[PDB]
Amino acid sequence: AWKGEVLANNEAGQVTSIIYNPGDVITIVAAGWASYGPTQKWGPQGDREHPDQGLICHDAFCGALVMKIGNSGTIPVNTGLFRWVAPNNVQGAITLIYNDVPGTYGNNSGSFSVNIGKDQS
């Protein structure tokens, strides 16, 4: 497995050591508190009242945990994925990233605590 944290102020995210391979089934659980600027904080689902101003992942809220698998596009994680299989032609290293607008991460705060593991398949 992989266990670690994902800094909200870190625009490259965390490249993990989970290589997602065709047919792999994975589980992710994410927890904690983060902000894209305000003194208030939101968890891994992000802020459902905030509008999308050019976020790296449009299918999730600002301040939400999202991921890339290899050189795929962003994919929402939020609180987690349970026994999840990826779509066709998606494979490689799982990278985790705070969902925010490129260029704006400098005042972010907090982090998410995240566990990833491969399940039986």
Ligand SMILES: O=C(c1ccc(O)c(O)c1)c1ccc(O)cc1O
Contents of the next structure:
There are 2 protein chains.
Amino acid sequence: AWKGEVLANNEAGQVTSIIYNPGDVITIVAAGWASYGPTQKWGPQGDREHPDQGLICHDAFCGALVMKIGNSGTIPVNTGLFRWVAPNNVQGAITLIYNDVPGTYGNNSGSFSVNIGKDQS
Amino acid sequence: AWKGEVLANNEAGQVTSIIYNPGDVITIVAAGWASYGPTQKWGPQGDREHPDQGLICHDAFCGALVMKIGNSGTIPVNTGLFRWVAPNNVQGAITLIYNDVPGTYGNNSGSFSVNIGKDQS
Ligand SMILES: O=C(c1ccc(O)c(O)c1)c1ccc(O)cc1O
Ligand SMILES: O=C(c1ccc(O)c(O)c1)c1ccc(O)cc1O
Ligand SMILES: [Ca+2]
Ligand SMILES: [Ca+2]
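Hand over the structure of the form solved in complex with the named molecule; the form solved without the named molecule is what we had up.
Below is the entire complex, every chain and molecule, led by the chain shown above.
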């Protein structure tokens, strides 16, 4: 399993130790408070009132937790995933990323605490 | 495992399929948007700005997801719990409840989608 912190101001995101392999089933739990700029903070589903002005993930709100698996597009994580299976031909290291507009991460604050495990399969 | 909706206006909470037994390891993932009254909605960690005016759980924010295990007091769930073990004084059915002030649930809206499963032990 993997446990770590994902900083809101980290544009590259955090590469985890989890390699998603064909047939894997995974569980993610995310917690904590972060901001894309305002003094207010939001949880891992982000801010449902903020418009999308070029977010790295168009399927999640600004300030949501998202991920990439290998060279995949962004995949929403939000509060987490329960016994979840990846699309076919999605594989590789899981990177966790805060959902914001590229080049606008500098003013972000806080972080999410994230657990990832492989489930029985 | 169990999956279901926990309504914010359900003062009694939702009894799940899960009987927490001594030594059980469980994972909970909670998602969605709910309100304790305002038109604004919050995730399963609730509203980090709202004072505690007599919440059923003093250890979580107003509008957070909490639970009881059998005849236990409230235990914070928030976004969820990863491979979590209860203290050995707690057993029985898990009831999921929205964190609000007793008698003030009538005006609540929205719900959380929750998954609970037992892990290897
Ligand atoms: O595969 C999914 C996916 C994401 C979250 C879920 O809760 C789920 O059941 C499936 C997916 C969703 C959005 C997206 O842009 C890409 C994805 O692969
Ligand atoms: O474990 C508890 C807990 C709460 C009520 C009980 O009757 C009990 O036997 C145990 C707990 C309480 C507060 C908290 O913030 C986290 C907890 O796990
Ligand atoms: Ca920003
Ligand atoms: Ca209320």
